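Visitor: Here are the chains, one letter per residue:
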Amino acid sequence: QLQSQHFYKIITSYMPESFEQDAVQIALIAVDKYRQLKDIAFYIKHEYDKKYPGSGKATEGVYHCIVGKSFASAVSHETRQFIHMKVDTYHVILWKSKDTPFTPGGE
Amino acid sequence: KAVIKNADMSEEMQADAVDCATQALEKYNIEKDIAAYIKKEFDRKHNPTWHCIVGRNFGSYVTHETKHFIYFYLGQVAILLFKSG
Amino acid sequence: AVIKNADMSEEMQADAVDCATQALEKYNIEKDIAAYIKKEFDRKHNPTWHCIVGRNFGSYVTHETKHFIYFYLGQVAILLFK
Amino acid sequence: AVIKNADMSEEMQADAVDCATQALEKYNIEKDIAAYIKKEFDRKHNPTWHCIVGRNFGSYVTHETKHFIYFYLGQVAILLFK
Amino acid sequence: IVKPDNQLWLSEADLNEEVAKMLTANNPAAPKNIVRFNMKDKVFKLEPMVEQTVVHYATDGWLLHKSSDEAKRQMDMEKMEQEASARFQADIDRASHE
Amino acid sequence: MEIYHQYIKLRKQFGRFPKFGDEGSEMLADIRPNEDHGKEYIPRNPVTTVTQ
Amino acid sequence: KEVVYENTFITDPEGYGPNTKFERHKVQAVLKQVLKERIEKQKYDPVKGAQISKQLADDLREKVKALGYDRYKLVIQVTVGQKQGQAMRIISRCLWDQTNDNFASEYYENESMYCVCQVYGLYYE
Amino acid sequence: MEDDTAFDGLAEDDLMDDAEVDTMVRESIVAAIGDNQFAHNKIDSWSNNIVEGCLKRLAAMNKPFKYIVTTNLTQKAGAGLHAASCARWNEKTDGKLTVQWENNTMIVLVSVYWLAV
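Protein chains in written order, with the entry's author numbering: chain LA, 14 to 120; chain LG, 7 to 91; chain LF, 8 to 89; chain LE, 8 to 89; chain Kt, 50 to 147; chain Ku, 1 to 52; chain Kz, 12 to 136; chain LL, 1 to 117.
Simulated from the structure, these hints should not be mistaken for laboratory data. Be aware that a few hints might be false.
Mimicking EDC-like on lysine to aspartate or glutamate, the simulated pairs with C-alpha atoms at most 16 Å apart in a straight line are [said to hold, decoys possible]:
hint : chain 1 : residue 1 : chain 2 : residue 2
1    : Ku      : 9         : Kt      : 67
2    : Kz      : 76        : Ku      : 23
3    : LL      : 96        : LL      : 2
4    : LL      : 42        : Kt      : 61
5    : LE      : 89        : LF      : 71
Chain Kt regions said to be covered by chain LL (calculated; three or more residues, Cβ under 8 Å) [as the list claims (entries may be wrong)]:
hint : region
6    : 67-76
7    : 98-109
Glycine residues also receive a C-beta, built at the ideal position from the N, C-alpha and C atoms.
If we strip away everything but chain LA, and leave its shape as in the complex, we get:
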């Protein structure tokens, strides 16, 4: 339960509804519960990973979350998994990135 009303606005998304809405309440609970930007992202990443976990292999990636006020990021994702969205005044950006241990030229 949210202790106070929070307003959220979507900046950019490519993840389907049943997942992006879940991320929306994840961000709402994080901003309601926590204050530090680091621990807000820390809570969001764990909350999303718990409900949508991988197989633990390198072929299935890991999630990353950054919450802040003034920052820029240049990052890559598997298809259809960016969520950059503004909660009240804070921007949260979450994505899953897949490691490629068998890339050519890595040897």
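Using the hints provided, position chains LG, LF, LE, Kt, Ku, Kz and LL relative to the given structure of chain LA.
Guide: Chains LG, LF, LE, Kt, Ku, Kz and LL in isolation, oriented as in the chain LA frame:
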């Protein structure tokens, strides 16, 4: 001059990251373009995929490959880089 | 209401104008004029606001996103910014 | 050089003093002095250094926890903050 | 001929005055006194150049045409990754049998 | 090079009555979805986009 | 009777009275209520896309005229399309008198469709 | 008496040629894009170049008209598209035109509007 806060990486590419970030700062006045330059340069140099966040106000918690992480300050701008992908 | 030079939206123009002018008569001391205007303009649009009131002053102001207000009325100068 | 309220480091009140005291005496108009002060004082400490100079001033401002200065020099007080 | 009630009363010289109007392709809604923090000089500096093209909608998408070299590189990369995974698993299986 | 145009008008020429007409909406281009055209694309991986 | 009006000898909408100037935030608000009353929760229909776009532009026309911009030439554009994974870019840059003219624009997005609304108000001399 | 009421004081030559406008728009699109296929890095550049490519020609053609140029870029990934527009203007003096261009991977929709001054 770079001020290192948290880093899991050897100095040989720590200095490379510092130099590339300084080049990006001297090349672009836009936080949008600095991060893109850093990402493309390290994707070309040290294989995909690297992730960079450059700014002054942000709180992060990400999963990074061992010996593939750096978090430093150049002047007043914090730069975070980590290879995950 | 005399506006010298600023960039903003006209709804915030009207809000600053009417709120300041209606605070002028309810208040009788210098500082609370700025205090009430700032605190009233806080909860409406954005939390970060800064207000100055008085005469015989002047200062270059670091720019704002779209939020800088300067007034001139009744031997009174009003300053707002983000 | 008289100061009343401030929360700075002991080395950096003088930095504000030595930046502003001579800048006050060099120029005559009180518009470009704030343009002058904020340019280098940004380049020397950190970006956000909104400043207010003049006399007969009233304000209520958001200042960060360790950023505030209130000069009182030559009957023309100066106040600055992040 | 009906004279509008709001028509101003001008002398003939004023009516014969040539008024030149100007058309320019800049956006009024774009801020003019923009300043960005030049970190190279560690100071806020005016941005006099503003792009006047109006942004309405754009999406980066998530698709690449098959004839594109980017898509060819992507499918090749996936092919080598799958082949390497299969080779690693086959090596594991052969090691287990031995 | 700024895209500009200049012209000169007489002062008495200003103030012409607006003879504006209400014209209904016209269809510019009706491109229905084409699965044949859609089959020629593959999902990008990884998709690199930079945010501000 | 071919009634002809003389020129009012006024160069700007301001001399005509208040609110005659095309105001971007008023038109933006009108557009935003149009979107939130007509477009939410709607799914893409390839058959009905043309009709929806036509009706949207037509309905926008009279209610934007309702603001009183009688001597402003209105241009209304509505585009509707389907989200599938394609990349798009909608931009515009136009040549006119900036002191008297303005514009407004907005968009709505979902998994099935996008609907972008455009309006340009150019004062008539 | 000079029959100036036909076009509200505008000469017959001040009216534009629709075929000429279409030719200019197509030439601008070709110059901006060319035979290159779709590019996610060059989508913005091609849209921009189309915009002022049309706008500079319209401005240099030098007639008393305010011009509206709208450009719509689409990746030809099979997605549907429906565009419609209405406006209130002086029809006897103004008009509109739209150019649809495409290749194996590209969709360009350029709408040109002109309003008499």
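Visitor: Which earlier hints can't be squared with this structure?
Guide: 3 and 4
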